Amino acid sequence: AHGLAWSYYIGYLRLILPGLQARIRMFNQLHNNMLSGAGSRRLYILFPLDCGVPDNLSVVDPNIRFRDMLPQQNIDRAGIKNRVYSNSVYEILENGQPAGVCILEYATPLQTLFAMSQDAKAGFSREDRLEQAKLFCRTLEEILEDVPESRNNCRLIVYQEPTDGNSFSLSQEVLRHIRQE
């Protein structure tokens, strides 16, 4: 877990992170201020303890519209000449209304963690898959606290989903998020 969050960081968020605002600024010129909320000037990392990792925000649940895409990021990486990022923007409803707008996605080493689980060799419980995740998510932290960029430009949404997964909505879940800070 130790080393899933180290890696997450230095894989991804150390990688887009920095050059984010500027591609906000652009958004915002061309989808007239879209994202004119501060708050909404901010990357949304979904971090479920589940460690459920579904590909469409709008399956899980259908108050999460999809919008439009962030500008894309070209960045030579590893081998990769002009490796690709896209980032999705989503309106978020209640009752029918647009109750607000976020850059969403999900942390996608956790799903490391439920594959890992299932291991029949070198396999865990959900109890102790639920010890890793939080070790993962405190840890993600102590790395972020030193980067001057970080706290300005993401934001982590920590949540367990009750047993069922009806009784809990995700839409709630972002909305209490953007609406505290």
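Here the rigid core means the biggest group of C-alpha atoms that line up within 1.5 Å when the two forms are laid on top of each other. Positions refer to the first chain, counted from 1. First, how it differs from the form deposited in another entry.
Relative to the superposed rigid core, the position of the CA of residue 147 differs between these two forms by 2 Å or more. Annotation: Cα of residue 82 displaced by at least 2 Å between these two forms, core superposition.
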The other form holds:
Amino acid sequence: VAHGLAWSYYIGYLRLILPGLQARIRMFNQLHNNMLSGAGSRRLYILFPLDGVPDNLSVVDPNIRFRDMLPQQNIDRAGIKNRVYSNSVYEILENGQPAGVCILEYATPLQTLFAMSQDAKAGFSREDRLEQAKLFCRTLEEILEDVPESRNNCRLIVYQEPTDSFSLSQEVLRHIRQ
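The block above covers the form deposited in one PDB entry; next, return the form deposited in another entry.
One chain, no partners, no other molecules: that is all that follows.
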């Protein structure tokens, strides 16, 4: 199931959104004294926690600080027709210092995976959901690897949360640094 879900995420969102990302950064930077930086901050980072319903990003971590919206993106495929999309820019702290600035969001298909799992008749366990989550990521990673213009503009950030000291900020930083 998660195979077609990763494809619809790519086809139905990442394809529409990536190509104009850089231009929107350029603006953002004109208007915020070059807050985005070089290379690290030139990507759309998609968060995919493994372990449903992660904390929303404004509250998840005191070291992940919202700054501002990029300028909106207008789309006009023969969709759909006219659509407006938003993306959000976050300051990422390490040791009390601004260590990174980036565009960051959760993968919407989490919501579908969760909703699937919660359905009364055909819902399924946490373990079965994790198996699907892993399959979504593996499949999305493959798609992106095959598409250099897409891959140069975004990175899937996949992580597991221990219920048992987890900092999402340190995870994002490690990716941003790689």
